[PDB]
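Undergrad: Read off the chains here:
There are 2 protein chains.
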Amino acid sequence: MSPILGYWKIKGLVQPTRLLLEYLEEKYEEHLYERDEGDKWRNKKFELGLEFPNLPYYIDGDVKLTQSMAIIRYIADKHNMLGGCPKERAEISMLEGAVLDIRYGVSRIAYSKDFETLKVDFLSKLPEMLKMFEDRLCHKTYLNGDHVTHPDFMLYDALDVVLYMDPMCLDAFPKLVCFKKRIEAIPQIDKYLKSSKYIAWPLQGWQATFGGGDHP
Amino acid sequence: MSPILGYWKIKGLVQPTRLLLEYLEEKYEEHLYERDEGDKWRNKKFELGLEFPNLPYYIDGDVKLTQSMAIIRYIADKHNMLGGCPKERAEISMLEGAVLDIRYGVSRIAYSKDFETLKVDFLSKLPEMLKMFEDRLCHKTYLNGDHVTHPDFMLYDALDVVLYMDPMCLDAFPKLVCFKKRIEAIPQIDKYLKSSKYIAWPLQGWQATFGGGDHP
Ligand SMILES: N[C@@H](CCC(=O)N[C@@H](CSCc1ccccc1I)C(=O)NCC(=O)O)C(=O)O
Ligand SMILES: N[C@@H](CCC(=O)N[C@@H](CSCc1ccccc1I)C(=O)NCC(=O)O)C(=O)O
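Those sequence lines, one after another, are chains A and X.
So for the first sequence, UniProt numbering puts the first residue at 1; every next one is plus one.
So for the second sequence, UniProt numbering puts the first residue at 1; every next one is plus one.
Be careful, since some hints might not be right.
Identical chains blur together in the list; that is why a pair holds if it fits in one copy or across any two.
[Claimed, not checked] In silico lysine-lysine, DSSO-like type, Cα no more than 30 Å apart, as pairs:
#1 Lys197 / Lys125
#2 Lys45 / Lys175
#3 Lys113 / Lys181
#4 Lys40 / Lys125
None of these hints come from the bench; they were simulated from the model.
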């Protein structure tokens with residue numbers, strides 16, 4: 001029985017997890033809830049055996065999990081990708097948080113009716129955040145070295161998003177522009193992005209002022 | 001040389017980490033920035049050797065970290081507390097996220113000038129969130145069983161906070177009311193709470209509409 005990954009039919013908080021699964025060439029099925037299926041989900045919420053019911057969820061022969069970060073880390077952990085010692089594991093967790101500051105930075109304002117005003121102060125702070133990654137990649141191929149790790153897919157997802165907000169936010173960051181291409185040059189990812197499973201939009205929930213709607 | 005833990009002189013995102021250090025009886029020094037030291041911190045931000053400068057930070061003979069979650073997990077990891085296998089480690093990470101939904105739920109609205117209106121919709125959703133923990137503790141002493149883990153201190157910190165917002169939010173949750181007492185009955189914690197190091201207020205940054213100010 002193939003693992004089930006439930007979530008809205010958007011990119012949201014699970015996009016990075018989808019990408020890690022594709023990368024590892026893991027098999028899995030998806031329980032996607034359409035914009036109007038809110039009710040279809042509420043009637044199942046407390047019937048799946050989840051100790052902490054929420055979206056996304058991940059169910060397979062071994063576990064039943066919720067909290068998108070617990071899920072991506074589990075899939076990575078099952079492939080010995082979380083780090084070989086305390087120090088390395090803390091390096092990888094530091095990369096997770098730094099990426100989330102960016103990604104969550106967008107979500108916290110993408111639902112306000114004053115998006116444009118908020119979008120201005122945000123983009124004034126985004127640069128400092130990007131440059132930390134720009135330097136981290138000065139001599140590395142990927143965030144943790146020569147081998148891909150899950151924070152790589154999270155960062156990719158964050159760049160894909162801040163680029164919709166502002167197509168020029170990476171002009172001063174060549175290594176990040178390259179990092180983004182390099183992730184797409186990975187065989188498994190390129191296949192996925194061109195397959196029928198890829199969900200290109202929306203970025204956030206359909207009702208958001210930014211990254212919302214049924215079409216780009 | 002004792003590990004240094006830097007942060008504002010508030011509870012904020014580091015309170016749970018302080019508590020884990022006390023519990024493990026680890027020695028450490030703190031670099032606390034007063035309300036008016038914002039400038040004292042900006043002039044040091046890019047001079048500590050941190051790959052991703054931010055508050056809090058943790059510096060000792062082995063690592064230099066940022067991102068509060070990477071730090072608490074490191075201190076726990078160095079004591080073999082993160083879980084003995086993939087499944088257990090995902091259980092503990094699931095507990096982290098579920099706690100943060102509550103804790104971050106407060107911060108996301110504690111800075112708005114319309115706190116009271118927001119505080120109403122929040123408290124209407126808090127119950128469902130608390131009950132997941134209320135059930136998780138139905139037969140367990142602590143969140144992961146008979147032994148304390150870091151999510152325990154995070155949850156404690158979240159209850160201490162939602163209780164200031166509403167002293168009655170735990171009336172229908174006896175196991176949670178007990179969990180909170182039990183954490184305080186732990187020798188090391190009780191000592192800390194009564195020592196000169198404990199910082200009782202503010203909950204958030206001083207400028208917040210809720211949990212702010214120099215006094216309760
Ligand atoms: N921390 C949880 C948050 C889960 C969450 O916010 N779930 C939303 C969808 S993502 C909404 C979201 C939240 C924050 C940032 C971006 C986005 I998109 C939901 O509809 N849950 C189902 C329910 O509550 O019944 C996790 O990561 O799993
Ligand atoms: N994800 C980072 C966020 C760090 C952060 O927000 N730091 C704030 C203080 S906590 C503010 C905060 C943020 C979110 C929720 C609650 C709270 I209190 C800061 O002043 N950083 C120093 C700087 O930017 O130079 C982490 O957890 O370390």
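Undergrad: The structure should be examined with respect to each hint, and the outcome stated for every one.
TA: Verification of the hints:
1. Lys197 / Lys125: Close neither inside one copy (34 Å) nor across copies (34 Å); limit 30 Å.
2. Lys45 / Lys175: between (42 Å within a copy, 23 Å between copies)
3. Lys113 / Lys181: neither (33 Å within a copy, 43 Å between copies)
4. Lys40 / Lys125: between (39 Å within a copy, 20 Å between copies)
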